[PDB]
Structures are given as structure tokens and as C-alpha cells.
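> Chain residues, written in single-letter form:
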Amino acid sequence: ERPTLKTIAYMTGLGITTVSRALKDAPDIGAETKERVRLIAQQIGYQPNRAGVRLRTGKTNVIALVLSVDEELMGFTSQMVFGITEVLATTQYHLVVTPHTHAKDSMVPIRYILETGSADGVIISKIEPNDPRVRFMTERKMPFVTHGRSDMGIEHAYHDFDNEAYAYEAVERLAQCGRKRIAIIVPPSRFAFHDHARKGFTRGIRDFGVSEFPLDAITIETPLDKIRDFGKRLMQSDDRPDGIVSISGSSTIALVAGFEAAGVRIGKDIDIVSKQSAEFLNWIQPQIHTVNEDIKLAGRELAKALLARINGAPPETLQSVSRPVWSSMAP
Amino acid sequence: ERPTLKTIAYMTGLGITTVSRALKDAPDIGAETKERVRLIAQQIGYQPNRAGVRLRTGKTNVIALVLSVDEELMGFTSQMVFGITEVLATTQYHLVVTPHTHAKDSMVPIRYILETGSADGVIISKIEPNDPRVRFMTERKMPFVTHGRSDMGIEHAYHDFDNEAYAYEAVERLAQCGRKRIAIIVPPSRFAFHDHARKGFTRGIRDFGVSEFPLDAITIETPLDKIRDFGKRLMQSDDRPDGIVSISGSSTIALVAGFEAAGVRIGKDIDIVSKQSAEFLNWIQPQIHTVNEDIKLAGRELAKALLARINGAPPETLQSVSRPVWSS
DNA sequence: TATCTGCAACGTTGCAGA
DNA sequence: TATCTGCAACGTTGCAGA
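Chains L and W are the protein sequences, given in the same order. Convert by adding 17 to the 1-based position in the first sequence; the result is the number in this note's numbering. Convert by adding 69 to the 1-based position in the second sequence; the result is the number in this note's numbering.
Because the hints were derived from the structure by calculation, they are not lab data. Where is the CB? At the ideal position from N, CA and C, for every residue including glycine. It is possible that part of the hints are untrue.
[As the list claims (entries may be wrong)] When the alpha-carbon atoms are kept at most 16 angstroms apart in a straight line, the in silico EDC-like pairs for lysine to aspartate or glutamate are as follows:
id	chain 1	residue 1	chain 2	residue 2
1	W	365	L	87
2	W	365	L	286
3	L	313	W	94
4	L	197	L	88
[Unchecked claim] Cβ-Cβ distance ranges computed for the label pairs, FRET-style:
id	chain 1	residue 1	chain 2	residue 2	range
5	L	216	W	286	46 to 56 angstroms
6	L	146	W	93	26 to 36 angstroms
7	L	21	W	113	28 to 38 angstroms
8	W	286	L	107	36 to 46 angstroms
9	W	102	L	240	45 to 55 angstroms
10	L	231	W	73	50 to 60 angstroms
11	L	333	W	70	48 to 58 angstroms
12	L	21	W	180	13 to 23 angstroms
13	W	223	L	285	50 to 60 angstroms
14	W	100	L	30	25 to 35 angstroms
15	L	128	W	276	25 to 35 angstroms
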């Protein structure tokens, strides 16, 4: 009962080839014949059998999203998926998820994809300054887009958050509060935005004329129980920071836990600026000055890039950077 | 130059059918040619064309996960995905995702799958007492599994959290907390576990002999921007309940926000027990009494159930219910 | 017997004609 | 010329035959 090109050709009494050539934009076929086929196609509900189109022509009509299984607790990764799927909804693409179970495994799904040819484009995250997957797919000619930017001299489609702007805008608000010494929970040295964050913070500390409390012992992906204990004894030592800037809201939740374990009130004792992947943090402590990283917006703009790239628009167009916006609920 | 059965057959040089039949361990092909075919196959190293197979046989080797586009903010839906994929990683299945965005559009994706025959199994959530998707796939002989249970008299593979057990246990510890008035946050009467929650909870209050504050005014699906004032307006009242139970940590977060604006100290005045899809609430509130629903645990056995049903195992083997745990 | 083998076909499209 | 169309093949397996 499912309609096929054969099924259409029979009713029309046309040639299967005519139908195939009719459904697709072609000068070869006649206007009336075309419109006949485009109309009958719409009425019966004909959707091309994919396995058939994939067997003959390379087209997989599949977009692969690769995910590291270890993720930020509050990374609301699900929002990214919905951003993409919303975009893909108009088109013939399907979204497959292919995760890897550690940074050690980071190239294995990508070689899988290129080797079996099971995708028309790939979406990747956790970009490093010199990232091998970026070079692998560019040199193997695979359309892709990255959540993050790269410092390797390759122009590729991407959308990132302007964390350089974020850090610079982050302490200006701490300066506005009057806070004189600031610490940053910087991201891992391996990832690209680490240096993005540190640039904004370094120019931020310079231009606002405020001193910078430093911390080298901990990073965002350092464990949350461990962040809790660390957070507690700063405030216990004679020198405590006046300001705190966090790049991840999940690491953020563990830092406050130690502070009130230490027994300090935010707002009055220390004020915190933090990024959030969904607006949730002011419910628990509205004191926190929050910036929203709209990630399903990232989800939607990653999708739009990769599609344009699958068509064949050049990479330098397809690049985009999200600017910080300051949360509804923040002071 | 990607190797195909023809490529192997050319090299060996055997018959394509011999090559195919060797790799599927078959009785026809002789022991020595099989290790020849399997040794060369591994070395080059051959992957069957998914398209070539899918066109030739019905099997699509794809699992469709259907997701409500609107989900509780703290649903850690991402955890479930990983739970699912862990199971499929050993297998030949891929996981494709299929979303809808309107409640009426509840079944639009489901027929897309059937209409297209673009999946070997399907996963769905947000189950209703008589849900149209559940019998639709049951009558179309389409293998599927649900996150939740259904009251339509149809037996199907599922995995749910024992909310009836949880609700009864919620009332026990509020007795332990000493609180004499109890409130219950329930899902919309739209959903099935709504009665599961209220049955365990109302049975709980009879046995613990302590009474339930009514609070029929709000449900979990009420905006967190609205459940707020309710929170502040309730404790800012002539009578405040001594104990409160939440089914959603997403609603737990907003209600306490109202509680602290009005100024009630949790722990001392009011004690709260709440459901959790991942351990995040005691980082946020150390005194709140937390129970963990491991959702990627849900994810793996929804996966494990659906596989069994696709091979054709009977539906009732496939049913599972997780008992609640009170955390670390 | 053991052990191998071609044909035919799923739905689509490129190419060479009608 | 201007539209139309059959043949073949993409890779795979069930099947009969040897």
C-alpha cells in the first residue's frame, strides 16, 4: 500500500523515470507532466524510500550528532537536540545520535561515520585548539559544524558562545558591585574556550582596574564533591576573594554549597557571576548574577550551518557567535 | 574503494553468495573458506551496506526515540539517551530521534515511523491512561516500549518508577519529621501515574494517621513562574502545612523559592521529600530529603526491553518497575 | 554427502536513447 | 527539437540448482 515511484507511474500511466525526473527539478520534463506528478505525489503522501535513494545515490539524508557521554550536570544537552530537530523538521534529514564514552575515544565515532559513510554531515562539540577530528573531516571532505572554535588555521562552520565577551562583561558587574579581588573558575587547558575566557578576564581585570585573586588548583570539570570542599576553606583562610566568575553553572552550584557550609551570605560577603545553559539559578539564590547561554539557539544555528554546508556554501559565511544576554532574574 | 561483498569475492575469488554466507556463519560454506573469508573480511575490514541490507530485507536497524519537546526543566533527558545508547553500542542499531512540539501533535511522529517504515523499534514517554499511540503501535504490530504505564487494558513492554511505592514512603518520613499537615504535588490528571501517586499517597496518610493539606490549586505542569507566588502566598497564610511532597524536582525548586521569599526555613519548619532524576538537589538544598530516579538506568532497560520485543520476546517479560532509593 | 553458485529483486536514479 | 522512456546498477539476501 505504501506509494512508490512505480505506484505513481502506474496511476499517471507515465514512465517511472518520468516520475523520478518529474519530482526533482528538471528542464527535461514538460510543465504539465511535472505539475501532474508533483500534485499526485502530494495527494498520496509519497515519501521516497530512503534505503532506495541511499543505495543508488550517496545521499544518506542523515545528520549525525556526536556526544561525549561525560557532560556538565547542568549542561541541558537535550536542549541542543531540540534546536536541531526543530530545524531539521522542514527537511528530509534524520538525526542520529552517536556517542563516545571518553576523550580517549573521541575520534572513533568520526572514523566510523566516514568509513561507513552513514552521514551527510556531522555535529561535534568539545573543540580543542588543535583538534584532530576537525582536520580529519576537512581533509576527508566531510561536511561538519562545531560547537566551539579552532585555532589550527582551518575555516569551518561553527557556532560558539562569546565567552571572551562574557568574562569581560562578567567582572564589570563585579566592579559595579564594588568587589576588588576576583577569581575565575577557568575551563580545562585542552579545550579552546579556556583561552577565550582568560582573555576576557585578563582585559577585564585590566580595564576595570580591579585586582585578580588567582586560583590554580581547580577547573570546571574537577569533581563537584571536591569543588564543595575546596569552596568551603576559601573563606576559612585569611585571604578570601571579593568576586567570583564561573564559566560553568554546574561547577557553580558546588561552589556555593561549600560557602554556606562555610556559612557566608552571597550579595553581602561575596557576589558571584555565572553562565547558565537554562535559566534556573536565581530560584535558589537570586543574588547570583546570571548570564544565559541559549543552547537550543546553539542547537538551531548548528543545524542551519551544517545544512548550508551540505549544500556547499563556503565556511566563512557559516560562522556565528552568540553574545551574552543578562538573565531576567539577575540584579 | 570501500570493500563490498563483491570486492571480497573478487579477491578470494569466491561467489558473492559464498562471501555473504560465510560471514553469517552458515552450514553451506566449508570451514576453510569461512576462515579465509572472515580473515580477509576483518583485515580490510568489511562493513555491510546498511542501505543494501535495508532495501533487500525489511530490517532498518534503527531505533526511534520520540521525545516530548516540552519536558520538565530538570528531566535530565540527556541521561536517558546515554542509557539507551550504551545498550545499543554492542548492537547494530542506531538511535534516531523524532520530536513533536504540540500536544495534539502527540501522534504525528508515530505514524511517520509506521508510514515510512523507518524504524525497527520505537520509544515514547509521557504516557496517558488511554493513549492513542500505545494501541496504534500495538495493532500495527510495531515493537515499542514506554517510559510509564498505561491503563487501556493492553499489555506492552515498559519501564516505570514505582511512584506508588515512593508516595507511600514519602509520608513515612514526614511522620519521622513530625509534620502534621501534608501537601501533595501531582501531575496533570492528563497523565496516568497521577493516580499512582495519589493512591500511594492517600493510602500512606491513612496508615501514618497524619492529615493531608488539600492544595488542589496547582500541579507540576503549572509554570514555575506561577507556582512561585503560590509558594509565597501559602506560607504567608493563617495555616501552613507542616510537610510537603513533590513529584518533580523541577517543581520543588520553584516552590521553595516562594518559601524563602516568604521566609520559612526548610529543615526546621517544613520538611520536604522530592523525586530526583539525577542527584542535584542537596548541592542546592542540603536538608531536602531526596530520592533518586536513575534515568539512564531507565534508559538502558527501556533499550534492553525494546530489543527483546523486536526479536519477538513476549510483552509481559519486558515489564519492569524500579524501587526508589533515598540517595547519598 | 560437502560445498559452492547464478538469478532475481527491494526502490531509486544515471545514461543512452525513443 | 522537445519531451518522454527502458535499461542498468547501487549492495544485499532468499531461492533453486548442482
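> Against each hint, give a clear statement of whether it holds in the structure.
Hint by hint, here is what the structure shows:
no.	hint	in the structure
1	W:365 with L:87	holds, 13 angstroms
2	W:365 with L:286	violated, 39 angstroms
3	L:313 with W:94	violated, 46 angstroms
4	L:197 with L:88	violated, 33 angstroms
5	L:216 with W:286: 46 to 56 angstroms	holds, 50 angstroms
6	L:146 with W:93: 26 to 36 angstroms	violated, 46 angstroms
7	L:21 with W:113: 28 to 38 angstroms	holds, 35 angstroms
8	W:286 with L:107: 36 to 46 angstroms	holds, 41 angstroms
9	W:102 with L:240: 45 to 55 angstroms	holds, 54 angstroms
10	L:231 with W:73: 50 to 60 angstroms	holds, 59 angstroms
11	L:333 with W:70: 48 to 58 angstroms	violated, 32 angstroms
12	L:21 with W:180: 13 to 23 angstroms	holds, 18 angstroms
13	W:223 with L:285: 50 to 60 angstroms	holds, 59 angstroms
14	W:100 with L:30: 25 to 35 angstroms	violated, 55 angstroms
15	L:128 with W:276: 25 to 35 angstroms	violated, 59 angstroms
Going down the numbered hints, you'll see the structure goes against 2, 3, 4, 6, 11, 14 and 15, while the others check out.
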